[PDB]
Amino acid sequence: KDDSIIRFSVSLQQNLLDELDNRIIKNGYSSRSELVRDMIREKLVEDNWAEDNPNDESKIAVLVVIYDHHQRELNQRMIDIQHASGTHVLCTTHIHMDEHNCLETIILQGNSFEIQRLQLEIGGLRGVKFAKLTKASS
């Protein structure tokens, strides 16, 4: 059904669940699920490609990422995704923060889907700790 109440499982570090649980009460939340739902809704609103500007003409965007370069086959995956994406990727500026942290600004060209897709495909990778898209126009 549409309204039916379902469950889904998530595998993660104890540290991360603790950090999540630590946030339930203080922000005026009754349940862990109640919070997770709002976070999902939050992501669903920020990762919306249409309604920003119609006809989805090629726009310019900047994707800010943070990842651990130690993560096995992560860089190979990221560069492979970007090469597969051709002209949609203008360039990447990288900062080696510390031994387990890399800052990277990926400058993208494309329509609302194309950009959204890249934010999700790169951000979706295991080891990519942070990914925030800044949308402009081109």
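Shifts are known only where both forms have a C-alpha. So that the term is clear: the rigid core is the largest set of C-alpha atoms that superpose within 1.5 Å between two forms. Residue numbers count along the first chain shown, from 1. Compared with the form deposited in another entry:
- Relative to the superposed rigid core, the position of the CA of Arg23 differs between the two forms by 2 Å or more.
- When the rigid core is held fixed, the Cα atom of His96 travels less than 2 angstroms between the two forms.
- Once the rigid core is used as the reference frame, the Cα position of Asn111 differs between the two forms by less than 2 Å.
- In a core-based superposition, a mobile segment is defined as at least three consecutive common residues whose CA atoms each shift by 2 Å or more; between the two forms, such segments span 3 to 45, 53 to 56, 79 to 87.
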Second form
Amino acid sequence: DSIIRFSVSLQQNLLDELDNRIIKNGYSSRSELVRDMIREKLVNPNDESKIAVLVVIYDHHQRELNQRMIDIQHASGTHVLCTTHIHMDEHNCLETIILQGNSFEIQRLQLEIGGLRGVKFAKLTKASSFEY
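Swap state to the form deposited in another entry from the form deposited in one PDB entry:
One chain, no partners, no other molecules: that is all that follows.
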């Protein structure tokens, strides 16, 4: 219980926003702000079927991206109930994927989609049935 140093990797876009926030909010380093973000954000996956929504924003000019997300969905074990796509601007589409699955299936789907080249983000909203 004592100070440890570890490494973190960010895409330029996130790193750039980080550095602006450090400057805007009066922090003295990346380490200091990230450390504070972790402390703040720190304050059980199971087999039960849950409905979830994954919002993905992606580059609509990235070839085979939709195919790779389909491939990911097909293998995930989740059941896709619906997907909707709209063009949000000149470079990006926004897709919502409404799906059912257990925690492990849905989490893996979100992380695999999120790490695709051309995917700007993939944010999951989960509703377990106690939430309704």
